[PDB]
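Below, in structure tokens: the form solved without the named molecule, a single chain.
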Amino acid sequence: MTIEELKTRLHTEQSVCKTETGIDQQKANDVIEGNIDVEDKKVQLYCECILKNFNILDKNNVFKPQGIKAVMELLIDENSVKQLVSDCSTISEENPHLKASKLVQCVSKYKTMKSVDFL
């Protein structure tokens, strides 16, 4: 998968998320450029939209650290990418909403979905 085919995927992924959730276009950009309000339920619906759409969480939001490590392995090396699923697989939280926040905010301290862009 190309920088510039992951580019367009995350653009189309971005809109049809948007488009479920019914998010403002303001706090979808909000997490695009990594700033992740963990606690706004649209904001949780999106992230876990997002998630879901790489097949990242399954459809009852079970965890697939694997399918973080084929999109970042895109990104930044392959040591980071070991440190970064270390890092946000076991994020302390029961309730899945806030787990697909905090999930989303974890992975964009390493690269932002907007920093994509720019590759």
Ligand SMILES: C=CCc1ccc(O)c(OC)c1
The other form holds:
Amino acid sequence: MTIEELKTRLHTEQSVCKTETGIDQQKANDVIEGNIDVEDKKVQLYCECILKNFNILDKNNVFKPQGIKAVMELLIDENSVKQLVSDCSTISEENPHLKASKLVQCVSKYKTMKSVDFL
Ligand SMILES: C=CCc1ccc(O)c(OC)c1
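Other form of same protein, the form deposited with the named molecule bound, not the form solved without the named molecule:
And the full complex, kicking off with our chain again.
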């Protein structure tokens, strides 16, 4: 996947997931910029939708290190990808919707979805 292809893919998922969840565009823009309101229901649903569509969360809401590696290896150095994988593997949440927003918040510390547009 190229950067330009990832840019297009992120825009597609952001649009599909906004329609599917009913999240307000400004709230979706906050998520894209890495400002995640983890406790907000629509933010949780939007985060879940994006992570599932990128194969980062499986049907059982288990974090898939290979899914995040496939995206992040295009954006950050190899040692930062390994750090992100170990860091975000520590998120343990019985509520799968809260798990999804906590995961997007974790990934956002390394690179935001918005950051890809300036590449
Ligand atoms: C990994 C796919 C979606 C995604 C979620 C949160 C992010 O911060 C991100 O940055 C590139 C990408």
